[PDB]
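Okay, here we've got a single chain as structure tokens, the form deposited in one PDB entry, with questions on binding and movement later.
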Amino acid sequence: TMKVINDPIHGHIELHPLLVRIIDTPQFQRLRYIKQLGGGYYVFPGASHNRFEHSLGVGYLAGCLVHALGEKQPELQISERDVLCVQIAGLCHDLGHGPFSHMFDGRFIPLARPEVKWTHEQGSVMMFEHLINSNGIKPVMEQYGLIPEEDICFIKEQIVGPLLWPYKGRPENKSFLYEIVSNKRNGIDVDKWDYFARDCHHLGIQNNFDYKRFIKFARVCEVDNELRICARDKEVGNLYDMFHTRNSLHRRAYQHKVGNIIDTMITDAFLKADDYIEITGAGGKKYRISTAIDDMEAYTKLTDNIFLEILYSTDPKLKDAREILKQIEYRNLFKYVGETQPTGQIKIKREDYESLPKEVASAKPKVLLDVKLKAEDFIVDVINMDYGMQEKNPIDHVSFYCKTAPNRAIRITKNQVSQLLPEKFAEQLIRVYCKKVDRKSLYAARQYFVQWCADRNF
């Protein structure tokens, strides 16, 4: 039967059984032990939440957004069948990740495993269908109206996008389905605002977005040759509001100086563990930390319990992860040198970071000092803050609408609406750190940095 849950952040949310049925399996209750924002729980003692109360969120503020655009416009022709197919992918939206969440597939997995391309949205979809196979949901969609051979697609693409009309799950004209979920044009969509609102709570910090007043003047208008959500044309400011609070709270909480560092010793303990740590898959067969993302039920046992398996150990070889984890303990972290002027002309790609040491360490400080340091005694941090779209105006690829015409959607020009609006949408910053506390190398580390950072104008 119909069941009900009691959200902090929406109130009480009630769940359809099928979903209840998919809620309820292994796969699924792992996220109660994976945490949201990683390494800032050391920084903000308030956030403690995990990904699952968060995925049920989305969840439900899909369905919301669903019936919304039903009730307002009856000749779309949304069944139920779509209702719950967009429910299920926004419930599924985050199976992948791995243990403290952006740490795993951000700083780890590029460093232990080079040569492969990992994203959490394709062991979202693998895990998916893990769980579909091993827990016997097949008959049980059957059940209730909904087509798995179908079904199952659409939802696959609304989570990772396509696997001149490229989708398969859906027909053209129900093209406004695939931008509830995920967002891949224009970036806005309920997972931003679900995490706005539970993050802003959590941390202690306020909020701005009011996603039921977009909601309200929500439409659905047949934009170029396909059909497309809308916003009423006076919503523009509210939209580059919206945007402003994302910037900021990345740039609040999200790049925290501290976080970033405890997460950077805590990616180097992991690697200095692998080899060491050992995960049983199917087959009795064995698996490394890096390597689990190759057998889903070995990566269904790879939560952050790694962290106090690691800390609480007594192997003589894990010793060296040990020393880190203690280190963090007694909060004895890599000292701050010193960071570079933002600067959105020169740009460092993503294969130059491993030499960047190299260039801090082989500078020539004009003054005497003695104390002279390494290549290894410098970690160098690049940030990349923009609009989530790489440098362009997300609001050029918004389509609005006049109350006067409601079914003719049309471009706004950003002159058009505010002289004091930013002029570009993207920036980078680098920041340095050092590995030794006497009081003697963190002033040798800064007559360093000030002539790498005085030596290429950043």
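The term rigid core refers to the most C-alpha atoms you can superpose between the two forms while keeping them within 1.5 Å. Positions refer to the first chain, counted from 1. Compared with the form deposited in another entry:
- Taking the core as reference between the two forms, the lone member of 153, 258, 371, 116 whose Cα moves by 2 Å or more is 371.
- Taking the rigid core as fixed, one finds a CA shift for residue 86 smaller than 2 Å between the two forms.
- With the core held fixed between the two forms, residue 319 has its Cα displaced by under 2 Å.
- Once the rigid core is overlaid between the two forms, residue 269 does not reach a Cα shift of 2 Å, moving by less than that.
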The other form holds:
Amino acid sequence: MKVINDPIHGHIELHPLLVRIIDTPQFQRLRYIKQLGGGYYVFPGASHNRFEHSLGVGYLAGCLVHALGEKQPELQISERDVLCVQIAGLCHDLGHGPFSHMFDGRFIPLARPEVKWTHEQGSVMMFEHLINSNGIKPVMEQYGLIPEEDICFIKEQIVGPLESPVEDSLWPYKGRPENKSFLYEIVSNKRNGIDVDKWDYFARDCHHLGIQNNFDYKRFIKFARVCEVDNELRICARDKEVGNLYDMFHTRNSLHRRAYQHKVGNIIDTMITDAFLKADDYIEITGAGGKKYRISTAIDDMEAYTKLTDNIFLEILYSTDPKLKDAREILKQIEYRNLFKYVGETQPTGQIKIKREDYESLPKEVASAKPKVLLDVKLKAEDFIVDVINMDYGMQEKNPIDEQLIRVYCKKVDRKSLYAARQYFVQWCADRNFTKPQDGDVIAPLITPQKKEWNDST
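Now show the form deposited in another entry, given that the preceding structure was the form deposited in one PDB entry.
Chain alone follows, minus partners and molecules.
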């Protein structure tokens, strides 16, 4: 058992097995990839990496489990359950890619349109590989828990429903029973949204970025207890966390609308992702048997998944090879904060939402926009841009109870080039059937008038 001090988490004490397994290099790659991701180009202070966020999530899940077992001993969950919860929370986001939010949102979504997968499956696979490489089976036996069940429980908590839930009204998870889901929801609240990881992320972002955290998660955990709803085990705020929970929801909205939904930071992230894509074949990491896998193709290789940090960006910034001139230009452009210029903002309408495969064609489709306007420079794939920041979850019914931001970036920063990019963005919005801009009366003095809808003020 070892205790560490953090700005928000506080005490980092754990079990002897968890203490022994915490100081590992497999989860050190979390410390080498920023959880804030594009926040380095956004938040001057919030340079925290996935290690701090994951440790806070695990500690908060363990504290919640301890509080539930103390105030509600009817669960009869022994120390093995808490140890398994801590081991699972130690890998909350231990399967993402370089720059975190850029990989599963921009890099993985574009590198392999034919293979759509997010950080969840990658996290499960990476945690399984790390467990296999550690060889902590005798150590787990010294902890009193059988590995053949601890590994399954950790994987189920990390991923979720891993049994391909059929329409039958059985247990969706093959690890947890019909009356054993109370402990696994502390790591992530897939329905209520009150997750230890989410609260830790919100608090850390607010603290290291300069925002106000009015939530008191400790009181929520103290007053939560285990209750029965819809003939199932759950956790809810008893009577007096309505103000605290509403403040937490407002803070989450502020964080996800001011930091994860900014403008310049999204442009910087898009430029970084595009530069990595142009250099995908130029940074090959050694794999198993002496083989090599590209950073683009390493999402299915754990040798380079354990070797996928933001140092790839550093390699891109300090390439010692002569074949990376195309990526060197983008690296030099991003070195002096000379990234692209935003042409506006947009959001689609209706229930139709594009998949991961359509993201790759979205840049080409947005560049292919061509209204009846003569442009000095044609909006090509490398000249124009379609930045599609997908918004996971978000649409939660009765947030107290309980698509994608589109941006047009110009590779050229000339005034005439800016006007051409704005015209191309208007053409793309018309093609995608997007609503008129808020300042569209001036932003589109020659593109909006083409359609009679703009003139129909009534």
